[PDB]
Amino acid sequence: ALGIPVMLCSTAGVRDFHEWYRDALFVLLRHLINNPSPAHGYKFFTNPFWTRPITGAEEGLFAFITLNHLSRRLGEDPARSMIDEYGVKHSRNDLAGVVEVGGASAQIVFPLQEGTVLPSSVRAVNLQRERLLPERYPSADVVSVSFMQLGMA
Amino acid sequence: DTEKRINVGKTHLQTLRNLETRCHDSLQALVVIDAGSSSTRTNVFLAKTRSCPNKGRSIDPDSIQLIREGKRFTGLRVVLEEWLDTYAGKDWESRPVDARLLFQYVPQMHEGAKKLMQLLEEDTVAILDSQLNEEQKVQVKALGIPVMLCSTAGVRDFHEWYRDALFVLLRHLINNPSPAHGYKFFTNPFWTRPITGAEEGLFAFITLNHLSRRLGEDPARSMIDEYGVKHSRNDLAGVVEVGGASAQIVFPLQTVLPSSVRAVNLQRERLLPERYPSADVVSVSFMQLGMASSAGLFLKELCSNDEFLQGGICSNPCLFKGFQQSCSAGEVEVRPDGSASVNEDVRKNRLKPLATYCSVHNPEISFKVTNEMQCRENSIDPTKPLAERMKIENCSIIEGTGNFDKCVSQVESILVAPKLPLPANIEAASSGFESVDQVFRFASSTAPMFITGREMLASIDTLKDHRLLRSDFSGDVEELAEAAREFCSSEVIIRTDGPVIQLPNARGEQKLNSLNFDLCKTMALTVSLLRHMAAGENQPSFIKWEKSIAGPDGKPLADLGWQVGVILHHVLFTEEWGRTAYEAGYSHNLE
Amino acid sequence: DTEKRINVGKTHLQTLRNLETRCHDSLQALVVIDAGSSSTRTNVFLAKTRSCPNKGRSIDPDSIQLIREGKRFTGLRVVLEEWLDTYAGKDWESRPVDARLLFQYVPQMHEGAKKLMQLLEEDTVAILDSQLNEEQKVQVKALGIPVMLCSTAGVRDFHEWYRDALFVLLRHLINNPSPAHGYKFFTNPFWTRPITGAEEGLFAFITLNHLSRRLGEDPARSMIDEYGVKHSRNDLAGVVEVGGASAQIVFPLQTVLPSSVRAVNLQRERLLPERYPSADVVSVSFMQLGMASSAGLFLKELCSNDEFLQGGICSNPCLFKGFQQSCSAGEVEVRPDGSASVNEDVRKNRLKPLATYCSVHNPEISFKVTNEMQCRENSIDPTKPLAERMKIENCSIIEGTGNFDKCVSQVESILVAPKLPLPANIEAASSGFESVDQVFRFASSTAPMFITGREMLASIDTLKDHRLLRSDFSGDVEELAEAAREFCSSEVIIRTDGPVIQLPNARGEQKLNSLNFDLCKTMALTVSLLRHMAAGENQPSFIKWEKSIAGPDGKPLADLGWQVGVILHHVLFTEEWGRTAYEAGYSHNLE
Ligand SMILES: Nc1ncnc2c1ncn2[C@@H]1O[C@H](COP(=O)(O)NP(=O)(O)O)[C@@H](O)[C@H]1O
Ligand SMILES: Nc1ncnc2c1ncn2[C@@H]1O[C@H](COP(=O)(O)NP(=O)(O)O)[C@@H](O)[C@H]1O
Ligand SMILES: [Mg+2]
Ligand SMILES: [Mg+2]
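Chains as they are written, first to last, in the authors' numbering: chain A, 178 to 330; chain B, 37 to 290, 293 to 629; chain B', 37 to 290, 293 to 629. A prime marks a further copy of an entry chain.
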């Protein structure tokens, strides 16, 4: 009755794929998901926001969110976060970083401790500013990097 | 008779009831501090705000008009470089410097930044006081003045934590103005921040299309189809902006792009709100391609080539016959006696930012081999000291040969299509473009193009004024190439009044100055740019060279650039602008 | 050593970065102009505002504290009545008046309203200047002062278009303050408007529960169940407010009600935002039941009954033995020689608003028979002139009999449970309540009750002070009835210093004044109110008599009434308050 949102995201496999072919395949994939078999009854659906090729850094940022969510480090509630005298919400426990090595790539993701001043060349990502986490969640400046040719295969 | 007296009292109540229900318009001043490469100047704008009951307050985008562009004060690079000279020690460019130790000099960096900010505040207040009446002044002082200081190519390539640390101090200086003047200036990390080359170009595109009435959400500038999608009435025009240190190439797609080419959607990347028509725009900026930066790099590369440097004399095809200057990239001044004096000051040298970047002590060169090879291709040795880097080895005098065809082929191989990308262009390389030639080979559009830049306009105007080019000139490369070929083959004769450029076949003459002496290099840049634009799969409908765009009154309401774009980028998001500019406002800074 | 110097500079940048990210607190003044029946006074409140980056500005509800209640200036009724005396002609109450003709006197109504508004502004500024430091003054003057002028029972029953026309002029006067003082006062039709009796009571309920920490959205004052429904931690307490012209009975339902009884849901009727706990509250207000209004009506009805009026002498059971006053509802002053002087001034008479309403020339009586019969039941003849209406026919002196039981039975039949509803009570009749007795017979709740009103408190306090009632007193009617029966049977003896009330059986004594002489009428009102409260299906957990509620500091932050409630009613709707108070603000009034 509610419908099944589908999120097909390609990783390192077709990240380095030449010409238009990869992005053209994604338009076709979404159409295939949006038109499922009416026999089973399961109402599958997608959009260009859910089904799209995710970047190496994006892949790493989601791996960070997954880790901190399951380990109960990330949260908005008073059990996982705290609001100071200046209305700024801080996480009760330290946000943990991740190192994920897959088939084709390796991700190195870690949050910076109270905005560690970085050089002009180093481009860090703020979770709330880059719309990864909503305003109600505690703020964190995270360095997310992925390296091709580092995966096991 | 008595009924009319009753109607006066009824109107008295109706007029008073109107005020309670109607929207009241107030005047607000908006400040954009252009922290460019050459200088840091203030831009004072006026806009009409509309406050409606239960609807809030919002700026009318079409009411945005520039009052005046302020004095050209010290650039942010000079500010940071003096701080390094005074605290890290002189000639820090040739020595390895520990950045960790420089943290004990942050209040010292703040005191140096205070010097420039007090001058900009004094200048901003001067513009406001002289160009506003007492009624307007009350309105402006009551609403507060949002300030947007954005650094461009001047400190884009700046090393270490320094640049971003200076910005935190700059915001604090703006948020604490002089209480004497009454003008309530205020800022935040969203308004005052270093803007990327792509951002600089995107805002320049918004400015162009806004003033030319191409961009808009109203039914006069946009149309909604049967499927609820809003399309713009007229084609969105692209822009080519060549500043002091960088050149921007921006155009909307009217197109399937490769995986490597990363285009920007205005609504998805939150540049324009959802209510505005959607457009996928390619925005690219090239460092070492601005008027000052390209001048230093061209002279360095050309006067290192054995095809031009012979017996200490570098033969410059971009300079007029009879013209000669000292072999250095220093600031050229054309003296009244016909001579060209080259400034010896290391900071007033056009190679300084490139030689400071291309240093083995900069972590961007010592750790990254790709960047080291980029510097070496432009003859710059990062291992050698700063003085040796800017030095044109075995060269004393630069002699002008006036060969335009040779000048084109050189600008082509050096600036337009080089072997490796020009230094500090990782931002352009990430979007999928190593050089200017790659832009049109990978991405092309039929969208009309606009050419912006003081010297870019001067190049076309000079040829139009001397009747070499038609007044009704399109993007005809052959017409431009032949007209410039005749003009650049002119002889310089030192006359009784001063240096005069004499056109061949007794066509005409004009005075030689510190701005037009190397106009032929900019002319060659235009030719090679239009050549690559013509080479593309899709060619623009028309190419236009305009100084400013006339408004409904006839007078141009604002100048072309990123200024209006950055205002629109924040003001158009109604809910978000209302909170930061009016709900929080200058009252947020109350201690 | 050197690492600590580096850390100072690192902290310098961290502290500066905190300011850019953190929420800054500013102080704002809030003005509530109580346009009551007896007078028009200003209430100056202070509150802490919080501005957060990208989140906007909002008032902390628990930071709201009253500075001072201003001087008791001219009531809005007197203002309108003088305008009618001067433009429609004197004794307009006894003559038919054409309302259409009075429209030519709107600027004249504005000039009269300007007189009062300049005094209130002068008084408001005086409170602010004397009770704020220079730092606080800057914050207050920069944010702007929202003004909420709400008229109560004084002009609730006012005839024709006049009252609503005056309000349009009042808002214009507030929106245009003196520029000399610097305090930026501003209003709108949402803040400055005539509040209904039910609204007056609902805001009094919000005030009570806010200060007593019963109402709140935080986990300290509220709890969320497994089904996402937020419930209040402690039971929401009801209120009984007896002012100058009206009495309010407000209580939350903790209940299935008949179709005729129309209860108000706080979230559905937009009194409290969705985030606050839900409550269905019964709010009812009765005209002719306030301290001044009930005094005039009681004397009129009692001294028309042949059971009390005999040979020109009306025997008053609510007045002490030995006390005597002239037979009129005029303002009673207890002179130092023991005598009670009754004011002859027609406006300074307690029957004036009832006699002005109960006029055959008022469209509410001439067209509506139901209202005409209501007036006649209270002995008022709408056909007869104003002087004859307020006149107690065939009566010269009022003699006090001091019989409390007889005083209760009379207040009961006259004010609590009359044959027809008291005049101008269509608002109460629409909700399903003709009289005070009907309130508890149709709607009952176990919710604790609070009693508010100067004389209501004085009634219980006097008995506690003379040791007739326990210090730990609940809503025990028998305890109160016996204590008052002894106190009201006291003899008045004119002593050497002045008039003194002497308690029976040598219990004690106190000085007789213009406030306590008729305290026994208010005592009878309390008895009959608690009797009907006990008669109800559901009885309140406890009945409390409190002057003010102590805050966290120990000092009461604000007084009980509709003032804090009306502030909370607007300030708690974050998005809506931010737009009207900060986005629009005083800057909306800029001409
Ligand atoms: N008075 C003036 N009017 C118009 N243009 C003027 C001027 N003085 C210098 N200029 C020109 O502006 C340019 C300044 O560009 P910048 O904004 O400093 N360079 P970027 O950081 O954006 O790459 C220079 O190329 C210079 O030739
Ligand atoms: N100084 C004073 N302090 C406290 N209460 C005072 C006072 N002077 C008069 N009062 C009392 O306030 C009441 C004023 O009520 P109002 O608000 O004028 N009447 P309504 O329109 O709300 O029905 C009077 O009953 C009077 O006894
Ligand atoms: Mg610039
Ligand atoms: Mg009142």
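The hints are simulated quantities; they were obtained by calculation from the structure and are not laboratory data.
Some hints here could point you the wrong way.
With a straight-line cut-off of 30 Å between C-alpha atoms, the simulated BS3-like cross-links for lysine-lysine are [what the hints assert, rightly or not]:
#  : chain 1 : residue 1 : chain 2 : residue 2
1  : B'      : 177       : B       : 150
2  : B       : 549       : B       : 582
3  : B'      : 386       : B'      : 84
4  : B'      : 177       : B'      : 107
5  : B       : 84        : B'      : 177
6  : B       : 173       : B       : 151
7  : B'      : 585       : B       : 91
8  : B'      : 107       : B       : 91
9  : B       : 173       : B'      : 173
10 : B'      : 177       : B'      : 84
Tested hints:
no. : hint            : in the structure
1   : B':177 x B:150  : holds, 29 Å
2   : B:549 x B:582   : holds, 27 Å
3   : B':386 x B':84  : violated, 41 Å
4   : B':177 x B':107 : holds, 22 Å
5   : B:84 x B':177   : holds, 24 Å
6   : B:173 x B:151   : holds, 26 Å
7   : B':585 x B:91   : violated, 41 Å
8   : B':107 x B:91   : violated, 36 Å
9   : B:173 x B':173  : holds, 22 Å
10  : B':177 x B':84  : holds, 14 Å
Against the hints set out earlier in the document, violations occur for numbers 3, 7, 8.
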